[PDB]
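Just one chain is shown here, as structure tokens, and it is the form deposited in one PDB entry.
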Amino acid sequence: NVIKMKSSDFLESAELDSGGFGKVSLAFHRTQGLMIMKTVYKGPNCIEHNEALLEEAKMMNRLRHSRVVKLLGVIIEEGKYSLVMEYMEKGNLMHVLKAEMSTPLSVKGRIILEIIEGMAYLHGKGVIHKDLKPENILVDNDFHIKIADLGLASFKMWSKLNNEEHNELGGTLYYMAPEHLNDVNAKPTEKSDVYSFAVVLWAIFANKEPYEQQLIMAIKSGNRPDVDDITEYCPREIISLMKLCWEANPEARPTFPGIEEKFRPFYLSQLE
């Protein structure tokens, strides 16, 4: 039963650097300090959808795990709706991959394992992210990650809010399963997230994103990320996982608990 916060609780007289965070920005809280601000709606009122929203939030508040970012609270105000979540100092996954330094096999692989525990946890709670991608992986100072849903994809009501025409406030297709490409009617499954996971493993070892009509149809046909562009050393059973998880058949792809069952043994020994 979620924490409500107010707009007044924050300060703008501060120059925060929300660089490398994405759509969401950084906010300074007067009592508690640095936080992540997702503004989702601004404009006219509509206290007619408030209750539903709350219920949704209540439901999503049941998701609590070390690899999913925490909601610190919501701002539900007249003509203004926001989500407020924990601060992750290093920002999203791409930003850290596209850093000016470098990151070890042991780190990258631990990042992967952490992701996996996240996703397995989520599916454990019978929930489909529907939008897994490096943008929605956030990193703390100790390169421990947390999964986010910053485009509200896995939401229903809050989703419906972030698009209400009366609002005043896509590449994401490169991570989408092909089943869902040009077919909006097929119900997403855990597997859709697994395809997405695959393309993320690619993004990680490639330290960069992947690459419409032609391309979309190509991916539907069987096109995948150019596995040649990984100039970094990437293990055989890992490019094997990548290959297996972006299979055109949802039947062919593995569950996260299975993936981990086979990967947890493989991280600790040959990676950490």
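Positions refer to the first chain, counted from 1. Whichever C-alpha set is largest while still superposing within 1.5 Å between the two forms counts as the rigid core. First, how it differs from the form deposited in another entry.
- In a rigid core superposition between these two forms, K80 is the single residue of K80, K125, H144, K98 whose Cα is displaced by 2 Å or more.
- Here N45 counts as shifted, since its C-alpha moves by at least 2 Å between these two forms after the core is aligned.
- Core-superposed comparison between these two forms: the C-alpha position of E232 differs by less than 2 Å.
- Once you line up the core between these two forms, the Cα of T189 stays within less than 2 Å of where it was.
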Given for the second form:
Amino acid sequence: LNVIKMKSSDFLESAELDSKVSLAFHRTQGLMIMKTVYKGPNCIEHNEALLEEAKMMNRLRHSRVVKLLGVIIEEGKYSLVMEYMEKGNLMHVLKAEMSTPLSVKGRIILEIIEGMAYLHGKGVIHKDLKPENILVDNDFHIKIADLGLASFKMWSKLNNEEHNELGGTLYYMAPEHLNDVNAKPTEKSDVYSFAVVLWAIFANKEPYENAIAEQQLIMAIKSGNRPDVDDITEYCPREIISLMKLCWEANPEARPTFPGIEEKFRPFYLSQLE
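Shown: the form deposited in one PDB entry; wanted: the form deposited in another entry:
What comes next is one chain alone, with no partners or other molecules.
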């Protein structure tokens, strides 16, 4: 239940693509993901600040939030060890040859809502909610993550050491945050990202494929351009299109909270989707 101090000797591994990440087989505990944050020539000393922060992160415990299983804190090697989510990210599931049924998509949306309401209920503002931070297990249940690791203050800090040998977010970023280095993220910013995730779940693709240039898209979105609702070929219930439109509202105060989305979406899910 708690964070375990693991040793590098307890594993064997393999590389992978992510915000490096390598799957690892633990000698006695089985398959895990190891994210190595620092591998260096400098024995570092503030091991406790790194360990306490992982214990503090480990306090976010919910069925829809990725669990940290352990940490490797040793001479020149610092790694986060996490549970493996076997299907990868939500975009990989959506672009797969087999199509996800509407009932399973409905459940995925509800589970994203539950995860986000839980995080906001803990005073945690995600700032990069997007399909790559939504992980999927073999049963198609989701768990929200933060692969950039911005939420872990010291682990991010430790990565930026200079004796250490070691974007795309724009589509999901709320327009107040676009072209601004100082915009502070709010719960309503995450609600905006959820609306674009909602569109992508039904379009099975990334938004704005016809955008020629990044400054064009940034200026377009700020003037009120949104993902094309007509470019959803599959059937999206009118209730979800209405919700998507309310959540990407230009005015942040018009956007609902995740608890208010849950109250509306769950009865609809149960009555209309499964």
